[PDB]
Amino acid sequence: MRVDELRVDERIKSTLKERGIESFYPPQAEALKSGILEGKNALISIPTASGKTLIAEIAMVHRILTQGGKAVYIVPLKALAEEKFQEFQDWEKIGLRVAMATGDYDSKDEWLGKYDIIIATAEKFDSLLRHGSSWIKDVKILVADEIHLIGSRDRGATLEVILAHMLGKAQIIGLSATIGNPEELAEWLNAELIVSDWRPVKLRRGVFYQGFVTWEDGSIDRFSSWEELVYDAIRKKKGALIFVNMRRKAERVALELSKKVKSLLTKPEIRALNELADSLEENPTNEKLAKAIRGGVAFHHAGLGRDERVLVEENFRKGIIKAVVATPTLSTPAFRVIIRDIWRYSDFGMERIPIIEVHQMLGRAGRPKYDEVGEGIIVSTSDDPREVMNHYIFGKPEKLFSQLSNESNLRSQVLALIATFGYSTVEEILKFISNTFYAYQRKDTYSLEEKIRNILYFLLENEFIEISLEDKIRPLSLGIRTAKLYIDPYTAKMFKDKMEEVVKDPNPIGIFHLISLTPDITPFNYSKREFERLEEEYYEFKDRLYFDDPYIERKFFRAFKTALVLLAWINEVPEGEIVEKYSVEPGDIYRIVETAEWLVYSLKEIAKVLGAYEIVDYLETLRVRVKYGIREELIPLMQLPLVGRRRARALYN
């Protein structure tokens, strides 16, 4: 299909041409002629390499232009939002307002009412709906990217919830990877189903086993070692992407590869890779990233700061970096994609990476511009080669299961309905359930109903809600406030129960430990080695905490380690020193800090709700200290367009 055969305003055809696009891939055309341009819902299940995002932009803009209103683009993580924001800029050339909303859960954000295209994570949008933002009624279409994450135990329930709220109120467009139950999800969505595996560049998938790669077609190719695939790819001017399961693993493998890749890097690239390694902020975690990069290979994982990760990502794109070793969470295309591990550590033991995931990983092979073929190789270190092939190259992807039973999401969601959506009867809350994907999969209805009755009891006991002998459920201040803060009802419960202790002794350690013990935060882990030190410091500072005795406990000390880290953060300990002293990386530090700000904020708000107004100012000063990791006497110099503990501290001196 030629962009000009597209029955849409010239403004869109014009913007695409400027983009170099003149025609659509067969999968794109099928999607564009399925009814999405006429408002129908649709579920697009095709390779990422086939431009799922373009089908969404076109249907969004066409939607707005033909009927005013706004378009919502829901993104998986508040990090794939800035990239969606950059690529959605060219829509402003035709007068479209593109906004990005990610955090700050406690606000209606009425300022978004003047934008046409809004990008947000599922959580952020879920809370906007709770706050009842004025403009939401103007949303005419919502696009959910990687909609298949609805099957994620963690946050899939949130995505399901907002989708359940929006179905039949706006056009819904889902973008997903291949899954086992495409038609079931499409039906629940009352959507057109577009399933395809057509891709621009041919994809050859194989398995590397003891000196050889066996491709799906049947042929065999010798390779002395899996790493040789990388080396070969690099010698051939192409690049390589290698997936691993652990951070340190990614780090060991990156440094390793780089030790033999450097002898393939012309003077320019080595010269450049050095100007590159020297630009990295200084800290342990980067020192490593440094050595590897000067060698041409880099590692990529959550333990690295946002910037570092961006620097890697783009330079791999720029091609200045020949290969990047990365973990899954937070993972451009490459000629060769190597999956070096097929077993990952879960709390359920070491398990095999899901099929849906391996496919998504192999699908990143083959750059439209530079390749006549893309190759994805799974490395079988100690698995039956044939079994690996049959399970990951010829096995149906997993079927998506509603993750609505996730007790933490459900408890927070049952209250949200009562406290911000006016549900007042169990039977009415059940009506909501009936429109969810859980209800549509006809999954165990009884068990869900009982978990909800129990949850209502929990909420009724802790005074978030109230009931009548007529059984009319109505929310109370703490209920409404909790729901609007987006925190788990249980962390609110934990704040409420300890509010007397906090006002009796307001202090950093106590608070950080308290918040780091709730469900809304993932405390730092600790090893067998340091645990010794943690115990002494604990018993040395048990007076400042708000809990009697851990025993009378793993999370307790994780939270306690976290309380110490944050404490050093507010006391301006240099990043690098914190990384060292507590064995933690700047990625987790920024993540935890950012979450602590949110959580110390929510404690202030819950304090307001419970009369403890005398600690409000303190917690407020604590919130700001946590956000920038600074002493109070610097909070003024924080205003600036940008500075931080960085210069600020020096300035003040």
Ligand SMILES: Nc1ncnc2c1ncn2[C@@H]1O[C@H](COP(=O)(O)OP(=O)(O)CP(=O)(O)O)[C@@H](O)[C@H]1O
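Positions refer to the first chain, counted from 1. Basically, rigid core = biggest C-alpha set you can superpose within 1.5 Å across the two forms. Compared with the form deposited with the named molecule bound:
- With the rigid core aligned between the two forms, the listed residues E470, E427, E461, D543 include just one Cα displaced by at least 2 Å, namely that of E470.
- Superposition of the core reveals a Cα shift of less than 2 Å for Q89 between the two forms.
- Core-superposed comparison between the two forms: the C-alpha position of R222 differs by less than 2 Å.
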The other form holds:
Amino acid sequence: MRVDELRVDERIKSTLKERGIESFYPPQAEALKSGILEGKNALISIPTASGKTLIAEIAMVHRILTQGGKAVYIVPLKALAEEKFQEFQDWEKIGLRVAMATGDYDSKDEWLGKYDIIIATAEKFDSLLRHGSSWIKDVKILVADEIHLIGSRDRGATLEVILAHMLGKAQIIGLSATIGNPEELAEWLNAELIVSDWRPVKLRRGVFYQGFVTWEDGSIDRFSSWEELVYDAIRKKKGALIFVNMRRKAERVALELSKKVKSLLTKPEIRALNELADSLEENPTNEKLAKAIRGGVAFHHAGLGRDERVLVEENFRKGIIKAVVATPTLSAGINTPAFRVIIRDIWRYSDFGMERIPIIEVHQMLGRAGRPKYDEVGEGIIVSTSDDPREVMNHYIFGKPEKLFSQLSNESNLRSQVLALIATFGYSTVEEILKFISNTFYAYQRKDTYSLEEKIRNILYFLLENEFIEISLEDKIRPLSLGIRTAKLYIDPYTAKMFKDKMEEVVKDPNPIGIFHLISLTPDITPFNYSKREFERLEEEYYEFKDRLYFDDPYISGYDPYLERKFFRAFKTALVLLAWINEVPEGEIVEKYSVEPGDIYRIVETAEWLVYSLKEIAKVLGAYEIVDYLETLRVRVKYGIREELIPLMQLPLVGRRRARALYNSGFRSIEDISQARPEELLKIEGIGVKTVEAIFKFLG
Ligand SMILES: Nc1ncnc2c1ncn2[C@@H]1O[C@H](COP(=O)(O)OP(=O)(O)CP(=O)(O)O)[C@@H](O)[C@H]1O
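With the form solved without the named molecule done, generate the form deposited with the named molecule bound in the same format.
Expanding to the full complex; the earlier chain stays at the top.
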């Protein structure tokens, strides 16, 4: 159907045209006339090429202009908050103020109250609901994007709890990938179900093996080696997105391709890639990317920094980069389709042994094949090396996607959520906690939740014994200072426990390595991994600082190669964080501690929230003497700077490097910066014209 036919506020229709939309894809039409316009709940399960977002926006903005209030959009990761934030900007033109919310769990973020569209992660929104922000009752609609992640172990439970809290309290719209149980998820959400197999460009799915690609129609096409599929894509001026399981593999396979891909390029093309590779700050990770890019092939994974990944996604979408070998982790960032999508690996490293890539994911990767403007047909090829080609075809192509199961049974999120229900949503009887649970997706799918009730009761004993809660003088559960505080910090009740137990020791010896090692051993941070060749050196580093650690034993749980692992992962991480606050250059940190940019960025951001929560836990326990020290450690962790550089950090575009260049040149305070001519600041190596402009602009 056409835009204008949409019986919605005229201002929406206008924006859709100013964009470029005149008509809707069948799935969209079906969804837009499902009843979501009437404020009804709906589960839209259609391929991502089909425009799920647009449906949500129209629905959101509509609900908001016709009934006032706020529309909450839930994205999977912080990095995807920005993309959504940008593509939602045009709604400001019609009066709707848009905002992002992804961190700072320990805050009501009341400032958000003055906004009409809030883009937050499930975690951020969970925290906000815990803090009971006054603008929450204002929300008329919440869109759960990538809602199939509800069946995801690591974070699915959180997405479910926020949903269970919201059902019947606001409109709920789910945007998901094809699954095995849409009807079930829909009925739980008491929602209209929109299932469509429709997509913009035709998709051709095939399985490559021993030198041949068999498609779903039984036909065949010769290709010497799988990589011939790529060289073939480029010789036809098309793109190739190769999916791999490991970071090093992504890099190797990219370098290898590029060697042969350059010869299929042009003199102008080579030049564009050259200037491109010539625009990257030197590094062990950037060396590999550049050398590879100079051949039209780039790799993409979580180990690269935001700049570098954004640069690959963009120059790929722009056809400059001819191919991209990426890990499916931060994959989504590549909102960049491709003529041919090759799934190189179908067996990933499980957290137990070996497992095939879930069908749902294989479809999401394949469905990412075929660019609208350039292709009339996209080709998704699954490579089989061990498996039977006929079997691979049966599992993925002809077989339906796996069914989604609630992951509420996650002790981690469940411990955190049982305490929240008491510490922030006012639950005081076990009979009440099961009433909530009876309305969850877990209880929907199940005939009984008896096993869950048991977990919950044991969770209560853990919270009860660990002073997180108490059974009042009326035979009722009521939170304690430590409990509210913990639920509000959004840290896992278990990591808070770790903080309380070790508190005495931190008070006694408040040191960087000890604190960094402590938090790096918590369920709220994913430490740095290490290779066998880093162990030896790590062991020495360890003994050298054993006296400073609070958790001084790598084996209090056993000899499991995995326990000694977790502990040294935490220790290496603490050394990295030490060099970080110690102002060691990023290219140097990456080199010495054998770690990657994207990881440093992530660990640093999390460590800060953890050093902060450690400070807030110390407060609810009386350890007031380490509170100032911890706050100064928090601010140092946040920027990777020494104590004196702290006042300069409020300056725009001023990080570790520039703050030091300014301080070492005499400008130690904001007052020092103010009483200065631009000529002076520009003489300092590292402060360019754009920085001085932002700085003086900041100073009035
Ligand atoms: N009716 C329409 N007409 C033309 N283009 C449309 C459209 N609806 C959506 N699109 C476009 O199709 C593509 C949308 O990709 P986007 O990644 O934002 O959404 P999605 O459908 O993949 C769901 P999500 O992002 O939540 O997975 C974009 O290029 C967008 O501009």
